[PDB]
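Note that one protein chain of the assembly has been removed; the remaining protein chains are unaltered in position.
Letters A and B mark the chains in the order given here, with residues in each chain numbered from 1 onward.
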């Protein structure tokens, strides 16, 4: 429904389209952060530092444990039902996340079993296999430093030095835990934490964790780049100091009929002024419908755009009509003295603002002049097979854009300034004029009677 | 003064209120960054690396020392007066900071005493306690690495290797000093630096520093999360290479009469279109007055909102009237196809857009239908004690909201698009119409005297 012919007359072309894929999650795995390292081979040389580390962790873990218990106390078997009167107030996201928290909850007996299995481990990353259960992955954030650096030096360094070295690592690890799970974490029940954000808490790298979870394949890099691998908090243990997370590797589903277009613009000249049409960087089409496209959570892979959130949001009716071929609906803005988008290659042709750059025909050696009654030049092989546009020599193919029409056959839109202060200054001026004409505007019917 | 009854008719409710606390500082402590480590036990193996490290530090420290001297030269005893004619131009913030710099500074004789005490220490963190003065905390950024890693290896590694290892740490530490205090630091006189931003310069962790400064208590986590612990520069020494900072632990004072409200919204349906009322996330009230609330510097603790800056700023009169019960003043926007806020639990009742989600009464198994001449459904126990709204079973309490009124009894506001380009396109179109009607608008009085 995008009218490319009319858009090209104001210097707007598309430079690439792609399919739209979103993420859905079906399976969830468990990942436990083991906050207490195994220090058996350090022979009580870190007793003071460990005790301080535990005290600091309690101030972070206790508020989260209370928050989790506050929601799960209001969920009972019906399926399950929520005691809305007891809960009082909650958003849809909180309610949905609370149900999943109650469902994807390790049973109390499994918690006792998990506690014992954690105590016997001394590795940084270990899979815990319970009979007739899903594998639980346990990660200890300072175990590698203990096993690789501190234990081999036990016969070389003093007992006090060993404690000091571990103490530095423990306090830095607590800082990261405070950053992730401290007061900055609004609503732990509904929080979704990306695997990258957990990197330091997992030992400073996620590659081994991803391998142990079995997350691999051709879509991994795109999914990972869009931050599509998310973890949710399901249990906080303040007695044994561990945190249970539920993590899911999503599957990609193409959305039928959605095309994501990348727009690109070239400036044009009206006399001695250089103007530029204001259009979005990306737009989405589905049949007749035109919508904006938010690329903030998307990765543009060769096989399509992978987005970890909903990227489609509505576009105003006036902007839609601009994209449907109404040039007078499109706004335009002035450009700085040194503007880089003064020509573009599109469908084998050159669309250039030859009033602001030097257009020369390399084949004949002649300079290409842009008529003052026109705003753009459409260069194809029928007029110049090889062209020098800005000192760059380019060969162009057969004509795909008609020869430029006069300015009087193009209806141009209003000039605007997009800056925050410019908008405020011009809007206040407009509101003042409307407020000064209120008496005229209110009596519209009486004036229209005459 | 917020009219909750009329707001709920367009799907706006409050999901929580809290008190408002601000920070004030009374006492200040001195914290000196000792840039030159103690390398006595390294036996001259780092001579070249230390010399290069000193040269790089001078390029950073000298501009700051000149800036500090340029301000203090204009402050003289009256109990001090600023020579405004000599200074020429200065903002209020610069003037106030300059007075504090002149007041809160170690005297010249105390600088010599501080210089001698710094040279004799060899620890990463050490309290310097003078006769009849406040304690001064000295921090050395690479001393832990020297004491824990380099010195124990002196009899194992070559002299060349020792220098190379420390040289790497010195350059990395200089990079952080350049980031903190280099050309990016506009106006060192009035700059306030959070303790978190100093973390690397203090050795990579702030927990021990806070303990030594005596900063503890139940408010620490909230204050630290809001970045309420700030340091200012009071002295730069380019001969012994240290920086003196003044740091204050704030006290929290609740502002009486201020309530911070968290607003949440549910979409509503007009025929087949799904609309959403646009309102701020947080608003503040003080009696009859309604203000915007900036949450950027705030932390939402269970006992109230802790902010390190002033969070209240004015709200436009039209938006205030919307919050006072004028529904026609409130703007509305279209939502994407997959919208998450289609129901909410409030006061034990469910406010749901039953035209966009399937509402069913679990008690009787009957579907709940939303009439076309209504926009929302208000579910309470008198109609359905247990209800399923989006696959979630919820029990609701007694009625706290009236049954939905017809759409013709609700005055709805204007549809808008909040995006930056949509605003520019629509504002430009509006301005063009006003400019084309200038003659009619400027001749209003003639049209009215008839």
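Annotations for the structure displayed:
Going forward, contacts are C-beta pairs under 8 Å (C-beta built on N, C-alpha and C of every residue); 3 or more make two chains touch, one makes a residue touch a chain.
The residue touching the chain not shown here, chosen from B:36, B:90, B:197 or B:220, is B:90. Checked against the hidden chain, the listed residues B:81, B:135 or B:358 yield one contact partner: B:81. By the touch criterion stated above, the residues of chain B touching the omitted chain are 56, 59, 63, 78, 80-85, 87-93, 95-96, 99, 156-157, 161, 164-165, 168, 171-172, 174-175, 178, 182-184, 186, 278-280, 291-292, 310, 312-316, 318-319, 322, 329-331, 413-418, 423, 426-427, 430, 433-434, 436-437, 439-440, 443, 447, 450.
Interface with the hidden chain, as seen from chain A, comprises residues 13, 15-16, 144, 148, 152, 199, 204-208, 221-222, 225, 264, 299-302, 333-338, 340-350, 381, 386, 390, 392-398, 417, 419-432, 434, 440-441, 444, 447-448, 450.
Convention: only the chains that are shown with their structure count from here on.
Measuring from the averaged C-alpha position of chain A to that of chain B gives a distance of 22 Å.
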